[PDB]
Amino acid sequence: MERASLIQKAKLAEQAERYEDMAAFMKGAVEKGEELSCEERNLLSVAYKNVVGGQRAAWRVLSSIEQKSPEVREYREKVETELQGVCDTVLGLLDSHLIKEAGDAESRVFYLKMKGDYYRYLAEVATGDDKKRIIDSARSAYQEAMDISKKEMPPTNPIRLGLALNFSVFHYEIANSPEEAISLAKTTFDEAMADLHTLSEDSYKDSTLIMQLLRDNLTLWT
Amino acid sequence: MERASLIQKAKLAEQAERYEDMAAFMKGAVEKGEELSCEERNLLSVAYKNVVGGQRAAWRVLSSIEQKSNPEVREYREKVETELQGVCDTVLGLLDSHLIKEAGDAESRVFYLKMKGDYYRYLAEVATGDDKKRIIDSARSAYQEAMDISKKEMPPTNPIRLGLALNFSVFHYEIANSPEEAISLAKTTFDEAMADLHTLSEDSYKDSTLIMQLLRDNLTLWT
Amino acid sequence: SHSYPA
Amino acid sequence: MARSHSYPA
Ligand SMILES: [Ca+2]
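Protein sequence lines, in the order shown, are assigned to chains B, A, C and D.
Numbered according to the authors' numbering, the first sequence spans residues 1 to 69, 79 to 231.
Numbered according to the authors' numbering, the second sequence spans residues 1 to 70, 79 to 231.
Numbered according to the authors' numbering, the third sequence spans residues 4 to 9.
Numbered according to the authors' numbering, the fourth sequence spans residues 1 to 9.
Treat the hints loosely; a few may be bogus.
[Claimed, not checked] Part of the chain A face toward chain B, derived, beta carbon under 7 Å:
1) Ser5
2) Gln8
3) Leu12
4) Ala16
If you're looking for bench data, these hints aren't it; they were derived computationally from the structure.
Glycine included, every Cβ here is placed at the ideal spot set by N, Cα and C.
Given only the sequences and the hints, what does the whole structure look like? Please build it.
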């Protein structure tokens, strides 16, 4: 069908809270060849975030049941495999349709951050060596997104903050470096506050919510 | 795989909140040919209920958005319908080609006929024209048969009897368009439950009390 | 309207 | 450690 309607069905999907359908529509809209607008971009991450979120939660529930004293493992693996399917789909979509397929610094950072997040999820369920490879491909994506944000965006831009937030989660929960996670989260927060004045009602609500998430993490981490 | 492990996976799936997987695990269990225990029957209904609960809520969003009448929106709603019907259909096959009558005790018999009434009811919600009428009939007959058995085999306080009565009344109001009949059933079902509760120990008091509340809430909202 | 299970 | 927060959520 037409890109215009694909976009329309995703909005409907999100309304009816049918994220799997929503992610599929967006995927069809992406393969249409044309770049996505800011609005479209968010539809894409919201759809896939919800789909993958359910699987990640399922996985965590199961793996904990497995560790806490045959079926558990077999089922955890099924969920895990299904989760890796989605991540490879998102990553493929990014590598051959979205990443640097545009010009804007915001669109570029957004896509590279998304690449970091999905490699990060793949890292949550991987084991020895395969994990090291995945972890390193996650970091290079975050770092490249970080380099672009620090040169192209003010310290309060919500995308830059979302990126810095998730990159700190990466340091703490994946790269096993609590030290680095805490300082980046703290450094991102301060430089954010120090500019909050006249942050324009534009991205106010978003950056404000991410700033709170940064704090929650700092508290939980310390 | 072994029935026992299918049941275990259904329980793991429930904890993982993967109802679709759960439903498929209980379906495998049901196909083993052995009767379901009380706990197992509840696992089976929780599964499919959650699966269908999601499609319904989605269909109800897409419908109001469409406004029942006043492109894309139409096409997507129809797809959600097809899906809902698919789930309802496999539940009905499970009941008609396995669970119904292959059971002995009154409880289970009423439980499956109730379930049968429940899913024909979900099919009715998304049906129009004469299709809805035929569906409403088969839903009514299943609920009635369940009602005939509960009135004959169980006491006014049995939670399952109350549940059936509750759902049957909902059927009369939301589907059969017969409010009065829906209200009288609920009233009677509730009263008869009271004048017998003075002897109902917490050994099941909690159960009935929970459902009794739902009957009055509906009674209150229908008035 | 309320139904059971919910 | 009760899972940290990421964005979007
Ligand atoms: Ca493609």
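Verification of the supplied hints:
1. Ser5: holds (5 Å)
2. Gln8: Result: holds, 5 Å to nearest chain B Cβ.
3. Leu12: Interface hint status for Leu12/A: holds (5 Å vs cutoff 7 Å).
4. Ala16: Given a least distance of 4 Å, the restraint on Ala16/A holds.
Consistency note: the structure conflicts with none of the earlier hints.
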